[PDB]
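Based on the hints, put chains W, C, A, Z and G in the right spot on chain U.
Below, each chain spelled out in residue letters.
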Amino acid sequence: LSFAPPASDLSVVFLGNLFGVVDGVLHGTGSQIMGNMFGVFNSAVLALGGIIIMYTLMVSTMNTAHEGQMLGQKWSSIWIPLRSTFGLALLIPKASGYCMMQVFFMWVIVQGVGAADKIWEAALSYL
Amino acid sequence: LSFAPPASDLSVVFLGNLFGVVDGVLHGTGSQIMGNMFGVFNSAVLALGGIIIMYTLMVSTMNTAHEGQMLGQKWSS
Amino acid sequence: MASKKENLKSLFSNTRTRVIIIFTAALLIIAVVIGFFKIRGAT
Amino acid sequence: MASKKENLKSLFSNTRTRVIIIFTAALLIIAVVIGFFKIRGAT
Amino acid sequence: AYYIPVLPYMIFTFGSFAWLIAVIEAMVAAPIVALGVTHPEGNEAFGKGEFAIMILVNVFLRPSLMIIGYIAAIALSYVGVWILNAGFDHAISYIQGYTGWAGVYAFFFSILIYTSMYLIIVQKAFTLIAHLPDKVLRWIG
Amino acid sequence: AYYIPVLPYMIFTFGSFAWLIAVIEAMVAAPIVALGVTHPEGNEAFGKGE
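Residue numbers (UniProt numbering), protein chains in the order written: chain U, 24 to 150; chain W, 24 to 100; chain C, 1 to 43; chain A, 1 to 43; chain Z, 750 to 845, 901 to 945; chain G, 750 to 799.
Read the hints as simulated data drawn from the structure, not as lab findings.
Some hints could be false.
Computed from the model, here is a short list of chain C residues facing chain W with C-beta under 7 angstroms [as the list claims (entries may be wrong)]:
(1) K4
(2) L28
(3) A31
(4) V32
(5) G35
(6) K38
(7) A42
(8) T43
Mimicking DSSO-like on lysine-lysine, the simulated pairs with C-alpha atoms at most 30 angstroms apart in a straight line are [said to hold, decoys possible]:
(9) G:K797 - U:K117
(10) Z:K797 - Z:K939
(11) Z:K928 - Z:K939
(12) W:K97 - U:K97
(13) W:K97 - C:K4
For every residue, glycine included, the Cβ atom is placed at its ideal position computed from N, Cα and C.
Just chain U, same shape as in the assembly:
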């Protein structure tokens, strides 16, 4: 099923004093350089991503201009709105300086931590 690692493991608290605080995944506090530096890094990547997406917009409408067909054929027009809103939302940092996308990868890291705890706990119990 699923399993959150034991509270006493030093893996998660070492994650905590490295990355600082991650919303909803961990409660420990440490050196808070992380939150702000990847916050500003996410903002910069947001700016350059807006530039690149505008670039892809001109090139996509340009290829569509070669085809002369309405509604476009290289892309599905019903999935672009939902797709763009989800990506944009997944690229908003919070006051912690963190997006929700980084939230799901820290979730995956702690889940792999839990898998390691499971295997290692079974081993130690066998010994």
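Frame of chain U, contents of chains W, C, A, Z and G only:
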């Protein structure tokens, strides 16, 4: 001769002493941490494989709903 | 006319296809329950 | 085939394509505004 | 008595801190995957999802496989040492004319083989922890 | 008189030891390869059996 290594070879002796006991191919027991690690490790991988299997099942079903055929094309019945 | 709901209904209506998918589903679910069983046994 | 300008004009002319494209340009401009505002507030 | 008793710790920290590097790799790759989400190619819900999946499984799996490598390494050290014990006595016999000083330093020499080989036996075992994870990614993708 | 008479013994140990690590690699690879049975991808009847 049929493929049957001798009884006195230490290759199989240390082979089985490393992997404890293996059913039907190996006789003897050693440090059996090996058996428990494969037990838990196989269990973890079969659970993970199961979730990937349902993931691929939904992928195949959505593909065959897009196409309109039955149980997909690459996947048989 | 034709849609995802129509396709799912058509696949469910066929007896042989329905039965083979329910057996495969039964196999996968029993696999995940035994998996959970020796997770909780391991711990 | 016609020039790119006519296909481009026809592309805006469709109401549904027009609304989705202005909406997407809206999120784009909003996102670049977020980028500007926090690169400034951070500095 | 010194170097081997601590060795698994040294190399285990190296592999674990490499896993840390995998963690920063993943969390800097995260906004790029988010950007690729909003890409206007195709209609997939993942876009350039191959990166997301492969580094995702890499970072998710790394811990458990370093654990399996660790424990398989304590397992392999014992088989290595009894292989060396079983082979050493016969591998030296005719070496041990071989009289006088020849008997003496040859005696010396055997230890400078035995233990030195020992030094690397367990050592390769521990490259084993560094060995499974990456090679693992080569079969799934 | 010393290094060469024993050195091939050492190299053969490293060889059989590489064989050990490889067979462990194989038995760790087993779960994925037999998990690949559920996937009919490819002309082969083994799924991803390469």
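Results of checking the hints against the structure:
1. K4: holds, 5 angstroms
2. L28: This hint holds: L28 (chain C) lies near chain W, its Cβ roughly 6 angstroms from the closest one there, short of 7 angstroms.
3. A31: Check passed: Cβ of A31 (chain C) comes within 5 angstroms of chain W, closer than 7 angstroms.
4. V32: holds, 5 angstroms
5. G35: It holds, given that the least Cβ distance between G35 (chain C) and chain W is near 4 angstroms, below 7 angstroms.
6. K38: Nearest chain W Cβ about 5 angstroms off; hint holds.
7. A42: holds, 5 angstroms
8. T43: For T43 (chain C), the interface hint is violated, since the closest Cβ of chain W sits about 9 angstroms away, which is over 7 angstroms.
9. G:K797 - U:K117: At roughly 43 angstroms apart (the allowed maximum being 30 angstroms), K117 (chain U) and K797 (chain G) break the hint.
10. Z:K797 - Z:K939: OK: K797 (chain Z) and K939 (chain Z) at ~23 angstroms, within 30 angstroms.
11. Z:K928 - Z:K939: holds, 16 angstroms
12. W:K97 - U:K97: holds, 25 angstroms
13. W:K97 - C:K4: holds, 19 angstroms
Violated hints for the displayed structure, listed by number in ascending order: 8, 9.
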